[PDB]
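Heads up, one of the protein chains got dropped from this complex, but the rest are sitting where they should.
Each chain gets a letter, A, B, C and D, in the order it is written, and its residues are counted from 1.
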């Protein structure tokens, strides 16, 4: 008649099979399921989530008589009775773990048990606009149901421990329904653009801006072609860095990969013409690629030196005119593309 | 009547249900719980801690008669009797393991058992001032308690194996109480600023300082615009390196990220004007961006060469005046910002 | 006579041995096996796959009488009866996990159970043309069969959750047959060349293109040998980066590794001749490596200075002729190799 | 009477409790415990070790009569009898695993069993002199002992599989005793300085040596300030690389961190003065930072050009004198510090 004696009696029954007496239909109630994201992967688009629920079903066999046993509750080990296994069918690698080794059983057979579910969900989000991205990620909650025997799951409330897990920030977790009366949790994911804008977008804009004014450096004075080659080799690192944390899957892929690619060609073309124009300034034409006697003598030499100075001046100004013509065309075209490229990344 | 015979008799009872006879209230005593930090993550703000405790509860069923059995203690396997499962409810991924496979049981039912708890706590610390940061991290210790059945947990002492786990240094571990009589361990975390100051802050200050005096290099002599472009590309690496180990979550985010961001723009602007001023020195105006006969002839040539030298001197001094004006404005503004920027990071 | 009572009776039978009564031949039916790739490794050529199947066999012992028990189905725990263990014999590290802890048993002995198989397959794909690569990867599904006792596996349908897992894209998963009536799944793997072309191939082409026109820089003006050394040191990084994600196994290894290797030698050879030609321009020969009185005096000095200018001009044009001769030979040879090397990588 | 029948009889006894009949004091003999280090972490100062022991205790209950059973030994599964669990109390994450699933039991109750213990020890070593470092690391071996019941452990011999695990080399493993008769293994750890000296110390010495003679480059000729800025940006990488594998805990921290820090300031100061002296050479003062008629005319111009040459010479020599004065002061101070700094790192 002791409460522990009552607990021992229920264990000796060994009711390790589900309560399927009533048409093999078990309504399992899961009120106040708590959601939390542990980490979100950007390259693999995988979301790791933790689900802490409070399962509550009915076990008719685990119900004693309140007259012989004057008690209203008793707690038994989880492995001595049947316990449902909640699953996340939408994602991969779902695992359910018992929060505690004991569960509460009431006098009428109702069983209270809390579980913790860790699952990895292959999240699909429109990453066309990195970093300005965000999409709803469905997380399904299901229990085994085969053929005639079905165990419907009833969800009541969802509370989310919202907070950034890194680059991604979780905004909400709402309860919705699927087509065939399937309960799933709609998780809202957003990217904090404070970090990607400063580390990737701003240096890219500043580097391209430095290239536009890099034409101010005179061709003869030097420090221009070497100045531009460092800018170009900096975008090669940007392409490798950017590609290491972004999925180039297919349609609606991140456009910043295309934007970086176009800038690399634009900077290479800018260096290409400057290198050619340097030869034009030094040589005067683009053919490298294609296959009283004493007092009068000094006057002849002095005018010859002046003519040598004059031909240097004229050959160094014709190349400047081509450089000025290209600079006007390049900066307008570059600024037009930069505004258009950025405008697509925020409003398309 | 043998002690081993007594031990085998207790195992044959199979008391795998908790001692809930007395109103289903089990006071579990946990004196001298020892705490230690294994590692602390800065980017994800996660703290890994190990908790070695000595659980001590009362099992009335596991109590023999000292007359028939003249013994005062006996040790049984942990899996043959009921053992409480201590949890860390505040954090994620809590797991309790048995230090040994045996536990001591006294003649009056008292059971002595030591457990080791490994938990991962999502620590919230004000990282606004990196590296000068530190905050108290709560670690909760709880046992299962559902509905009527409650198992209050009594804690006595906490001893911390204080010591740096890397960048973070653990200072203390004090015992406090929550609102609903919940025992939690208050952990003090501090960042050793010896490392971050030397590896990140000092090179940043020196690079900006070298930029201020980089204006001493003459525009005509060269080695200035190329000198500055290496400094600018160094801060791009600093932004990427710094962003890889700091959480850009939201309000009260690390301000060194903004401080590095401002310095990058300042160096770019300094290089931008220098390239423009170089064109002014070489060209004389900012229009590139906008769309006795023998003895007397030698005098005319000689004065012409002198005039060519004079016009070079005057155009190379007007650009110097603009460079000097900018240097006075830039170095004063830069030093004012640097002192103000650093002052916020230590006293705000 | 209760359904739960029927379930308890079947558990008490303890039928943990396989149904081998009929000639020890168990036909195990596995309809609608679902395939999905979790990740594909390029360097180690290992494919990680998840297999979700619905096993369905016959257990004659687990069949009750529908007259005494008026029920058509019942669910028992998976660990209380015998369950086949599906294997992936082709690959390493195969592990089978039960999706749920319950399985459905019909009145005639048929048992329905769904399993999840995670295996790591050593995939062999012709990676001669990176990125343009793709090959069929066999995945075998087998059940234990030793000596006389054989358990044939019957497969009906395969449905694949096709989608890129990173650099690799899964295209299909078809059901085929091996020699000895062995069922295996043919998995089609393809590499999305959008990423590898942009991050590796395009910068390589642009760098080599910049080297071809780098000969436009005059030898005397400077900024050429230093310009080329940055290009060569950039290819050293490309070799190390490319080698870190590609297997250099043997025959039909990635040819881009050889293509990068040839480009490094070609760019080095271009720098070697340019540095030698710089000495020729400055010195005039390749021997460094080998072991009225007042009015008439000024005329002698003036003609001497003119002759010094003339000898500088003639020695600076002879080196230009050798540079022009090499440039014509180098660009045609470089363009011919670049087109030929790329042509092999796409159509061989 | 069969040996297997005798083995089955001992299993049927189910003696899963410890042999505590004799005053609950069990002398457990562990001769020839073998030690081996798997890996040593330098940044976290954690040592991973493997311990292969041969446990040998006495079980009086597991002793048969040699008359009825004419056998002297028998092997039983480890899980059918009681087996002690050896622990490493000094370190974290201690786990004991059975080498085999069988153990030898003699006719008198003696049981022979070999176990493998993997533990992670928080090693404290004086890393003030990196790489020239080495200290004794204690590894404690303990068995559960609570209250009255104590199981003393007897250790006889220790044999170590000495060998380098990477940067650290294991030298010995000796058996010592603690205060309260506690057995612990003293492990000697040494750092092979062949690797750290070559990868870090030698380039640092060579870079600083190159800076000392970098003053040989003339200020006017160029190639000096740009030469020094590459040296300084190289020490920024050294600080970050060295900080990534060294614990900056507190007192007696690696002094090479400070040595690198001092060298960075020294190189920055060397570049700082050179940039200022370059302005002095070009300008002549440090004020930038602070706020017969035909035949006689040619003589006036010629002497004017000579005077312009003379003033350039005098202003280019005054700055040389300051550069020479600084070079003498800098190279003696640098060599004095370098010899003193290295002397502390080897003999302090």
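Here is the rule we go by: a residue touches a chain if its C-beta (ideal position, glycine included) is under 8 Å from a C-beta of that chain, and two chains touch if they have at least 3 such contacts.
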From C:261, C:317 or C:335, residue that would touch the chain that is not displayed: C:261
Touching residue (missing chain; options C:43, C:159, C:176 or C:177): C:43
Residue numbers in chain D that touch the chain omitted from display: 2-4, 7-8, 11, 36, 38-39, 50, 72-77, 80, 99-104, 112, 114, 163-166, 169, 192, 194-195, 198-199, 202-203, 206, 209-210, 213-218, 221-223, 226-227, 230-231, 234, 241, 292, 295-296, 298-299, 302-303, 306, 320, 324, 327-328
Residues in chain C touching the chain absent from view: 14-21, 24, 43-44, 61, 82, 85, 87, 92, 122, 144, 146-149, 220, 222-223, 225-226, 229-230, 232-233, 236, 239-240, 243, 247-250, 253, 257, 261, 264-265, 268, 271-272, 275-276, 278-279, 282-283, 288-289, 291, 294-295, 297-298, 301-302, 304, 308
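Heads up, the rule we're going with is that only the chains that are shown with their structure count from here on.
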Chain centre separation (chain A, chain D; CA means) in Å: 36
Approximate Å spacing (C-alpha centroids) for the pair chain A, chain C: 22
